[PDB]
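Given next, in structure tokens, is a single chain: the form deposited in one PDB entry.
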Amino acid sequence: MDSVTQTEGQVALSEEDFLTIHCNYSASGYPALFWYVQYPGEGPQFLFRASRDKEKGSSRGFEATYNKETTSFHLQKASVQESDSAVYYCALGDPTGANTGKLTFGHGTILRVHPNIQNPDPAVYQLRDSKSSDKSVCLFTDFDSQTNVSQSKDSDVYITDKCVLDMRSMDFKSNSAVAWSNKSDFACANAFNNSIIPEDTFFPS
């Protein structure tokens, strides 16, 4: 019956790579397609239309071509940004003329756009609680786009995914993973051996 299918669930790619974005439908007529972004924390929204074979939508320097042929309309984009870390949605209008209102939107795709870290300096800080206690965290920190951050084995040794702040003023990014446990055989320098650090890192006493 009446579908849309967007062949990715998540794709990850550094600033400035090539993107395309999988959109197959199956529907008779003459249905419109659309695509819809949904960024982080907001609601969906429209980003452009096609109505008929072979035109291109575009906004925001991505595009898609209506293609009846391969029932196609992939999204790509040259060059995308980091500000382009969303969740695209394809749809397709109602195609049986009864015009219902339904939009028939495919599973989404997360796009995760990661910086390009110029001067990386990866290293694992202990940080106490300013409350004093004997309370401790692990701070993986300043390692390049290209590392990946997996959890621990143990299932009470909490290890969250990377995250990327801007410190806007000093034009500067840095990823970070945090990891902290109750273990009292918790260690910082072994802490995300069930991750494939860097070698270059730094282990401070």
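Residue numbers count along the first chain shown, from 1. So that the term is clear: the rigid core is the largest set of C-alpha atoms that superpose within 1.5 Å between two forms. What changes on going to the form deposited in another entry:
- Among the candidates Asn116, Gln81, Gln126, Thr96, displacement between the two forms reaches 2 angstroms at the C-alpha for one position only, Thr96 (superposition on the rigid core).
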The other form holds:
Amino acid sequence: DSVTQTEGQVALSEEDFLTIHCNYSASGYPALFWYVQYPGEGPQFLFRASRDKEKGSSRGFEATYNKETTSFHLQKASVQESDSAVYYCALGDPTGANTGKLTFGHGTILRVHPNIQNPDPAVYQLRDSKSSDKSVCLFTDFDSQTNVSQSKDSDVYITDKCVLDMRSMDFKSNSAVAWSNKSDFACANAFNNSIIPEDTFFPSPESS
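Give me the form deposited in another entry now, not the form deposited in one PDB entry.
What comes next is one chain alone, with no partners or other molecules.
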């Protein structure tokens, strides 16, 4: 008995149409399931179907059991950021005989990136005092179609882009961070190894 969810990753904008493929290779009349795993938590049940054309639904997701192409594809009309998770297809025996087991797919990572309506790319330099030998550079307020590359330099550390939402003001921003325990580190070299927008703003520090 086998389950395939062909795709390892899926990246999507807020409000994009989603479909995740689930095909099985079984020799009974197997029951099928969807589970979701959010970061930090254990899997959570979504729904079950066991007969051809039975449709299962929860939280704006839907799937329909399709005996002809042996499929239980997961679908959602409009994904939002909070749907970022790992979706697991599984199958087992409805019968009570037995093993007691579910077979799980490899699972599919869903990353929903937000729609940044007022881009404003900038790299800024901050500072400490209280320890670090260091200085960090903050690349922020870019578009979701920017990718942040890991460094060519091994003494430099660069994080992947990451979204923060200030509720209260309906604002979402991407940010990535760069730092180095050394000299030779200015904020206009920081993200050299990423393709950044032509119009990225590099303001200077201090005063006169």
